[PDB]
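Colleague: These are the residues of each chain, in order.
2 protein chains.
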Amino acid sequence: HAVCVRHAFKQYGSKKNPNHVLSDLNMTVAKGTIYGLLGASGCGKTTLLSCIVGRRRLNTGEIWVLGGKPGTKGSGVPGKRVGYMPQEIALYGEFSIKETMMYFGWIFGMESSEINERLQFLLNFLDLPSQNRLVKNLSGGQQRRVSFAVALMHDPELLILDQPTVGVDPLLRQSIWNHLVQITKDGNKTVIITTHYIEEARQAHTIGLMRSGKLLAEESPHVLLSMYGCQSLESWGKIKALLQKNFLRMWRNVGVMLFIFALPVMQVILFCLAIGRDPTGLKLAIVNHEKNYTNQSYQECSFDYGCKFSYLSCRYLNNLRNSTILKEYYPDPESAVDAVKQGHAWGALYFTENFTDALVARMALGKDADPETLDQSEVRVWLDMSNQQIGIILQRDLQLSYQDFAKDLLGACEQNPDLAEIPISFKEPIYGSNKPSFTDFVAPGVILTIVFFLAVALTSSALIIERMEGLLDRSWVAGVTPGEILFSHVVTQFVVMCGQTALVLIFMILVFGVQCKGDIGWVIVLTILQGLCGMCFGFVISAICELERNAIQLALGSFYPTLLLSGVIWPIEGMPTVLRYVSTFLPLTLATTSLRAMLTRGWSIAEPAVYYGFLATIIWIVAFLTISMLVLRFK
Amino acid sequence: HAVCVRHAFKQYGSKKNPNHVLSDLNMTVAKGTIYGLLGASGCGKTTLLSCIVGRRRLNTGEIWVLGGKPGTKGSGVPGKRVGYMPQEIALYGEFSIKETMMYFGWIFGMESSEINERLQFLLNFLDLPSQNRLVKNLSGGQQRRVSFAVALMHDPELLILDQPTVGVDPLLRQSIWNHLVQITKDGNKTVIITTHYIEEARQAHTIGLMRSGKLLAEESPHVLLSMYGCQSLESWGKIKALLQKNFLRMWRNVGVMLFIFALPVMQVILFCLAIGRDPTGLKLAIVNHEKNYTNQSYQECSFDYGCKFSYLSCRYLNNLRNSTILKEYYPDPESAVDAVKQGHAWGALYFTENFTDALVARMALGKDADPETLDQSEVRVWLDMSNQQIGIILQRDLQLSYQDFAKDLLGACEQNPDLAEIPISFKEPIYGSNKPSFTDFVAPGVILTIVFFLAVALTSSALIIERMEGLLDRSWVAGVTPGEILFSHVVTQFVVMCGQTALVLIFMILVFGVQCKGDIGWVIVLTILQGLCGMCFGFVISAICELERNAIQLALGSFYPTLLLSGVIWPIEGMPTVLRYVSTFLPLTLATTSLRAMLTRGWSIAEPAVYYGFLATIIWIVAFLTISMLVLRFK
Ligand SMILES: Nc1ncnc2c1ncn2[C@@H]1O[C@H](COP(=O)(O)OP(=O)(O)OP(=O)(O)O)[C@@H](O)[C@H]1O
Ligand SMILES: Nc1ncnc2c1ncn2[C@@H]1O[C@H](COP(=O)(O)OP(=O)(O)OP(=O)(O)O)[C@@H](O)[C@H]1O
Ligand SMILES: [Mg+2]
Ligand SMILES: [Mg+2]
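As given, the protein sequences belong to chains S and C, one line each in that order. Residues 62 to 295, 388 to 788 in UniProt numbering are what the first sequence spells out, letter by letter. Residues 62 to 295, 388 to 788 in UniProt numbering are what the second sequence spells out, letter by letter.
Derived from the structure by calculation, the hints contain no laboratory data. Please note: incorrect hints may appear among the correct ones.
When chains are identical, the list treats them as one kind, so a pair holds in a single copy or across two.
Mimicking SDA-like on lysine to any residue, the simulated pairs with C-alpha atoms at most 20 Å apart in a straight line are [claimed, not checked]:
#, residue 1, residue 2
1, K197, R116
2, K580, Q529
3, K494, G671
4, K159, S628
5, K788, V693
6, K588, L553
7, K520, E567
8, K480, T730
9, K560, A573
10, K197, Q72
11, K436, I725
12, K580, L553
13, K520, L563
14, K580, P486
15, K130, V633
Using the sequences provided together with the hints, build the complete structure.
Modeller: Printed below as a string of structure tokens:
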């Protein structure tokens, strides 16, 4: 009694329109007999073979195969002792015969020195081309022989062959049907072959027949006659097996695999060469009314150097920045405000005709300057602050350049160069530098973000291409637990993840100068943990989504929200009291802050603000793994 | 006659090791005969049929089918007069029988009121379930009858079928083979059927035979059986067709279709609520040495309001900000610099015990101040500038709040609050506002990026999904040119693109209140015509990528090089001359500048900094279309 099902009850669809594919289905498969499951096109026949191998639940029925119900420790359906073959060719297209016969080879614990030994016999028995040819150029008839040979070499004790001779010449059909008889002679195997060639199935021993959702009769072919008609017929092996297949997948498309190693370097060079550097090509409209106006980009600047004050208007000029500001001269203030208005400059200074006289009478006299006097020593400037980032550095430079001009007047002729100072003294910063830049605040948040997104793109179509290329539903029967496909995907992608994580760190620290006052060793550990969380975030997306087009847009749709909720281009303190609290329990918000306290401040792991990032990035790794595992086990 | 090939040559393998599948291949199909093409399993049989229909091109040979060669206007192979059923089931699984019949119905130009009668007749002839049952829900035998019916209803004059009776019971196979004879009694059509069931091929009358790349016999079966043996001889219709199919695959994912309409309202609300707002929570270490130290949040602030100068340190306090700055008090500067050092504050002020005495004199003698009294009225502050963004606001607030304190002293007893500012007066900005903010600079340029990236997510898995669900190999034969497949892919996605582009604009201008001074009419056109470039950019990715795994990686991996090279978070003036010059020739760098000159400045299209964005992004739309045309047309 290899297979025996009692009172099967299955149906498709809703209760309003039931299908009722199977009603009773009482059958018995003996040991050592070629069970032929003949029938009619339309009844439930494949749904019974797929229920024997435990691919579909029997819907409140009694089943018993090789000892017990499929998928139970008391049975043997999932394992090396049960053969299988799908109705359609479930074969990987990028694997050659010598590789597709070895991927299924040592899943069943088969030695590598015997798979090759028996491959020659299997290739000589049924005609096939050289073993080096990939199984995608094979014809429609040679793609069925490979499938027949793949799930027959391991010598099981039960065969679930269905339609194994569709698309072959009659001689090859006889040769195939002459093989199942020979291996079954000495009571060592059972065959459940079902075929649509009713005449060809006369060699069976327990020919079956189905009429309406149940077996009609199960007798010998020579006994079925004279009663109904007159004449004729009316572990370590599994892990290694699917680890050389993931590695082989990347090697098949060399040129694209090398592209992923040229993305982090290109994504980093652009960032370091664009963000942070100040503008150096902004012009100005100077209309100083104390010297003759000749030409346009030219004006005299021969002022006086010493105690005697003269031409002070062209002493503030040439004292401002000589590189970031370009000087162009206009004769009339009503023309300077015109040029900037039509986008020909970024501002317009204006020095009154009596500027030196008005300025020398404002410093000599203290707290006794009349309103008229303190109205012509002013430097009127109209700023085109429509950029909110260039006008900020323009108004931050004009007044800052006046400090040097003020010190030059005082520190060279009259007194010490310290009177012209605001009482607010900023001393020396404890941790940072007195000249902050936008390229130092954002770089901590970019290195942890580039790695996170690259890992997401890597493991985004990993769990979704298993059904794309087949070789999955027929591999579940082979004993591959769902927890091993996910585990091996982590190992193969983590190896290549570290190949680009180091490139990000090397090109951001060695080639481009970024301060690393803290421990360099712990920076590497935190970065690869974030990348591991990133690749774990791509598995839940792949597991939840089913369609190929349904998963690309979901990870792609998460680009901006994690770039704003995390603190990258703006401090986390600017958000309201509710959004900020919610935006703390996220993978990236508590990691950039921890990394920002290690690159600049120089703290160690023992500080409370540093190890929180490690604690908050490990929990999400576990949470992104159990959720993905639960979904895979669910279906 | 109908089909004839003269001296056909074809090989599959590379040089020095060819396959030599076909050598001469001379045959002739008669006017109305049933040409049965039998042969061995392994010779070139399917390749001959695929070369007849133009799917594969001969190497050095002459072909002539229905009055000329395939792909030429003289021969009607890529038209409605050639039937074609493939060896494998190339049927879309998400289409019901009625839908999958009407999709092929009005491709050949069949009236909608005529397809139903033929569908009913075919369903009655060959048994099938209800017409609204999904194809993917059918069995393995009922999925072949649908394919047979699809390539037969339009009544062609030449039927090309290969293996049309694999997977069906003999009772129905006899009826299938009894139908190709009844419809061929009159001299109207030719049937070219290749089958491996040689017993059923006797009904034809032009049986062929192949040994090695060459036809062997072209004789009648009753003549072949008596020659050298006894027995066992070894365009509007097309456009509407795939426009209700694109609109159909977007209706079976209502859970996802509603999600794509919620991404724009989530990516915008997060942006407007996190970026731009000034930080509100930060503390300071105030150690004013002029009042008794009680508790940790109390200093008895009472600075004798009026003209009398007393407790000027207390007067400077409560004058910084009542909202954004918190106050915490310490007794010793050696303890204030300790608390900030271990992350318990952001700075540490320090007022000397004689602050009022040393400050009431600095404003009294003025120029004649001695160095001893100079360094006794300074508010010593140590700033923890490790954030480079909060430490700037704090540095920009301590000195800015001193201006109010200075005016509060001048304008209190007897003076005018005018002689407290530097000789630099910034007047009134021509275009911008006197208080720039970071939220108004990134807004015109994130709105374009959001639309651009969402469009890429939409049309990225379009051209790579056509070959996944079949219905393409047999669609090229049915007169469907590559031009109309992509064109039909643009209209269906442009309609849904506008459904989320308006959501971005409405939630950014109407609700949150982003200013728009220039013209609201032309902003819609620019942001709609820019998103069209984004959806055309994704078609290039799908055209040049065969494997789907390279689509997510390429599309998602080309986003950071867009933010860092378009001027979104930094003006384009800091990059070197070479990088800046190259960057202007990009779809987004010349569009944000055009848009930034419309919401802020108020300019119109006639200005020559505005229409450049329209001109420099229309070109990229054309360039992204011809490139997708060339790759899709010829590979
Ligand atoms: N996934 C499914 N969902 C719903 N009904 C299904 C499904 N698969 C098959 N059926 C229905 O179940 C019945 C039997 O299908 P089954 O797959 O068992 O046929 P079969 O014996 O393999 O067919 P054939 O010999 O014609 O290839 C049919 O009515 C079929 O439409
Ligand atoms: N894409 C391909 N690239 C290279 N060789 C190929 C390709 N397709 C088929 N071949 C080989 O060229 C020959 C063409 O075989 P073909 O597909 O015509 O066989 P067939 O008669 O349809 O097969 P069968 O009846 O066994 O299913 C075979 O030797 C096959 O192995
Ligand atoms: Mg079957
Ligand atoms: Mg064939």
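Colleague: All hints are to be evaluated individually against the structure, with a verdict given for each.
Modeller: Evaluation of the provided hints:
In this assembly of identical chains, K197 and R116 lie within 20 Å of each other by CA distance solely across copies; the values are 17 Å between and 26 Å within a copy. For the homomeric pair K580 and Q529, the shortest alpha-carbon distance between copies (14 Å) is at most 20 Å, but the shortest distance inside one copy (35 Å) is not. With identical chains, the CA atoms of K494 and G671 are at most 20 Å apart between copies only, with a shortest distance of 15 Å across copies and 49 Å within one. Taking identical chains as interchangeable, the C-alpha atoms of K159 and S628 lie at most 20 Å apart only when both belong to the same chain, with a minimum of 18 Å there against 35 Å between chains.
Taking the closest pair of Cα atoms, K788 and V693 come within 20 Å of each other only inside a single copy of the chain (13 Å); across copies the shortest separation is 35 Å, beyond that limit. Proximity of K588 to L553 under the C-alpha cut-off of 20 Å is found in both arrangements, the shortest distances being 13 Å within a copy and 18 Å between copies. Taking identical chains as interchangeable, the C-alpha atoms of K520 and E567 lie at most 20 Å apart whether they share a chain (19 Å) or sit on different chains (10 Å). Taking CA atoms no more than 20 Å apart as the test, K480 paired with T730 passes between copies only; the shortest distance there is 19 Å, against 47 Å inside one copy.
Proximity of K560 to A573 under the C-alpha cut-off of 20 Å is found in both arrangements, the shortest distances being 7 Å within a copy and 18 Å between copies. For the homomeric pair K197 and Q72, the shortest alpha-carbon distance between copies (16 Å) is at most 20 Å, but the shortest distance inside one copy (36 Å) is not. In this homomeric assembly, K436 and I725 come within 20 Å of each other (Cα to Cα) only across copies, at 15 Å, whereas the closest approach inside a single copy is 35 Å. In the homo-oligomer, the alpha carbons of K580 and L553 lie at most 20 Å apart both inside one protomer (18 Å) and across protomers (17 Å), since each shortest distance falls under that limit.
For a Cα distance limit of 20 Å, the shortest separation of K520 from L563 qualifies both inside one copy, at 17 Å, and across copies, at 10 Å. Taking CA atoms no more than 20 Å apart as the test, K580 paired with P486 passes between copies only; the shortest distance there is 13 Å, against 41 Å inside one copy. When the C-alpha separation of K130 and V633 is checked against a cutoff of 20 Å, the pair qualifies only within one copy, where the shortest distance is 17 Å, while the shortest distance between copies is 51 Å.
Comparing the model with each earlier hint shows no violations; every hint is respected.
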